[PDB]
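Only one chain is included here, represented as structure tokens and corresponding to the form deposited without 5-chloro-1H-benzimidazole (ES9).
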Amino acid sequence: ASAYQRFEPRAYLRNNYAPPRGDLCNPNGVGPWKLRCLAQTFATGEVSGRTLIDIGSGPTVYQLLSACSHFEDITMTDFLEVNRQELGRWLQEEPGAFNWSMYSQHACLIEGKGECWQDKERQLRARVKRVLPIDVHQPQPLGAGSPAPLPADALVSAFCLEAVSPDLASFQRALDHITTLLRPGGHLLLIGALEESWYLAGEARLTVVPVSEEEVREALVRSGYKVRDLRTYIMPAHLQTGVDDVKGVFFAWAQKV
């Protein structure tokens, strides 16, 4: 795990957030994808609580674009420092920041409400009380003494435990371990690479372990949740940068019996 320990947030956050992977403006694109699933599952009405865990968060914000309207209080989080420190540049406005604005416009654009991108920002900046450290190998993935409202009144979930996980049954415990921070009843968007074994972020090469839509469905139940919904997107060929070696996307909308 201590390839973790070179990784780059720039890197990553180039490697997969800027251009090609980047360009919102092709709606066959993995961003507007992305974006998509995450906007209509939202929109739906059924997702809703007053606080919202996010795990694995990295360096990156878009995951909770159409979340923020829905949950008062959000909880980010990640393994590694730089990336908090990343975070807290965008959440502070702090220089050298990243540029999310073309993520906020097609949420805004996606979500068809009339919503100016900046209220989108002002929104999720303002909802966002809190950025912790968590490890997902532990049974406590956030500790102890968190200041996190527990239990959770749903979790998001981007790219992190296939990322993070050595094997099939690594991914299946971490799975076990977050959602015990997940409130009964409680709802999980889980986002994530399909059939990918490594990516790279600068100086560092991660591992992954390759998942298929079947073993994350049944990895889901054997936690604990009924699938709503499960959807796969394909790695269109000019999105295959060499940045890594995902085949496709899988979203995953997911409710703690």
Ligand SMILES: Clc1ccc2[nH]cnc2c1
Contents of the next structure:
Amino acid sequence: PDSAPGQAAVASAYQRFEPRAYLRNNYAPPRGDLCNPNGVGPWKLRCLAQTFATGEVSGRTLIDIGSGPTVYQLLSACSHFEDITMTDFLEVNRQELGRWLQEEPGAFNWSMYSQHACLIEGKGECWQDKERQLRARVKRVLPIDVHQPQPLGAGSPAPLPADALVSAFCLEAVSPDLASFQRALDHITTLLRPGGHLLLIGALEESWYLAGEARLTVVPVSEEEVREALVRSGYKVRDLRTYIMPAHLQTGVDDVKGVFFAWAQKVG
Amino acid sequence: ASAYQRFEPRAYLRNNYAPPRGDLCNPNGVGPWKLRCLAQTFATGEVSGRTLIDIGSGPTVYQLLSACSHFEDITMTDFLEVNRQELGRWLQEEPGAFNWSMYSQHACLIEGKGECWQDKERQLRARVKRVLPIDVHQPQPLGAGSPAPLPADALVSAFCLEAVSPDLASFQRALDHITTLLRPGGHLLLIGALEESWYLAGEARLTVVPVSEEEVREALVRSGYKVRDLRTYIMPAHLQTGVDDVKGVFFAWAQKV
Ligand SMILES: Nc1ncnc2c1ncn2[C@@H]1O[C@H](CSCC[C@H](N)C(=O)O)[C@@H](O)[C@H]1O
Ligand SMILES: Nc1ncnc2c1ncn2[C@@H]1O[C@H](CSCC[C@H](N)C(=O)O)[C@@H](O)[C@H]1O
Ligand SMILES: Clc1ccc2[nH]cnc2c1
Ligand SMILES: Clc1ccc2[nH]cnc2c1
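Same protein, different form: I have the form deposited without 5-chloro-1H-benzimidazole (ES9), so give me the form solved in complex with 5-chloro-1H-benzimidazole (ES9).
Shown next: the complete complex, the earlier chain at its head.
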């Protein structure tokens, strides 16, 4: 009935979130081994690329929701949108992205990811061009709280409404339970134009994951629960696919059983 | 021969395989053209077999990137000790090895089989069995009883012959010599400079025989080849860099009759 406590537990916990430990855990090998095609890294990139390759998802503006310190989620996207907004709750994540944007050395190195995207998009693009294009198309990096009814604040910088939304491993990772999840989904939906698209990626049946000192709580959701929430928010589900986590990628960083990918189109 | 004694491998790599000639991002550059020729040729599935030899490899490996998934036993060669050492460093992942990874990535891009560049390099490294001395001026260019499995099912050679040959006839004999290493029905992929006469490798100033496409064709024919394919890349102004006077590059696919 009342959300404050749960939300406050969530904000408290993320106060200990360590971005480098998160990157190492989920984006360095073995999870970051893009050489095995049966691995989660290549499956993620594939979903994005295949989705954008339909040409059916385009426009001027895009908002990435809960970017964290990662950019892979925008590699295939950046060729289809002039204007990209990145976002995160945590300043320390916003700074991490700042470092990649300034092309500093001390930044996380996404080049294997960039190269792989270029590889599977099959336009023969070099990875440096791809990266240079993402850095150009990222127009701002903003604070976000998906629990607020206006997740970006009032009269925010972001072009509203966006033609498309991307969100990866955010909603379920910051929502104490399924009702919270649903509301978060409902809040971000106010940012998308009617007829626009949402690409949603996340963890299935996950209850915790590590990010350094911080052990964080996740609402474990199923595919059927994700579909239902999407429908319940005013979306037509165009695609919902599931990746089952192989034992060898279950590393003790979380209890994730699998990953879901959703392409949904806002009805209107 | 004495001219090749002053030959600095890093200065050659830097002059030809680093920017601008080594920027693989523009598809109109000489780098991408070369890899495209190699890749396209192997993708035909007609250049196949068990053993292959690369003639005058110098300190470079790119010429085998697409090849290496078609031949389980690979032999690399060069006249100079220093080049053989520079190859060693990259094969053995040693310190101060040249970084070929942009080229690996591009072969993977071009071949379009969704391969990661690390697997490509791994396979190449595994399939190169030996790096041997060679002198194409010799009738048996490899010497008497070489470690190399002869005759080979195929041959590669890039920028070697025209660059070790004073004139057309010295060039034609060199071709005749290496052609003896190639099993009849075998395949030659030959790449070289068009109408070039000199190029620099650090302190070394090397002499080259200026050859034309028609000259290259006639030579392969006279050596006993059926020219399956012969293409030319004209050298753009922006890639004419003071390190030589190459006018174009040629790629030849030939098959010993
Ligand atoms: N109340 C809130 N509203 C929106 N984002 C939040 C939030 N609380 C935490 N986050 C962000 O949720 C992210 C989960 S990590 C996901 C990182 C990136 N999307 C990738 O795909 O891996 C963290 O960056 C965290 O800071
Ligand atoms: N008499 C000879 N017989 C065989 N190779 C020779 C030779 N004299 C010089 N070479 C080698 O010919 C090479 C020319 S340059 C290296 C070409 C390399 N394959 C690439 O594609 O760039 C040098 O490595 C040089 O040392
Ligand atoms: Cl397997 C996997 C991949 C990425 C993730 N981000 C958060 N949890 C994850 C789990
Ligand atoms: Cl443009 C170019 C590329 C490779 C070469 N090797 C010898 N001369 C060259 C010239």
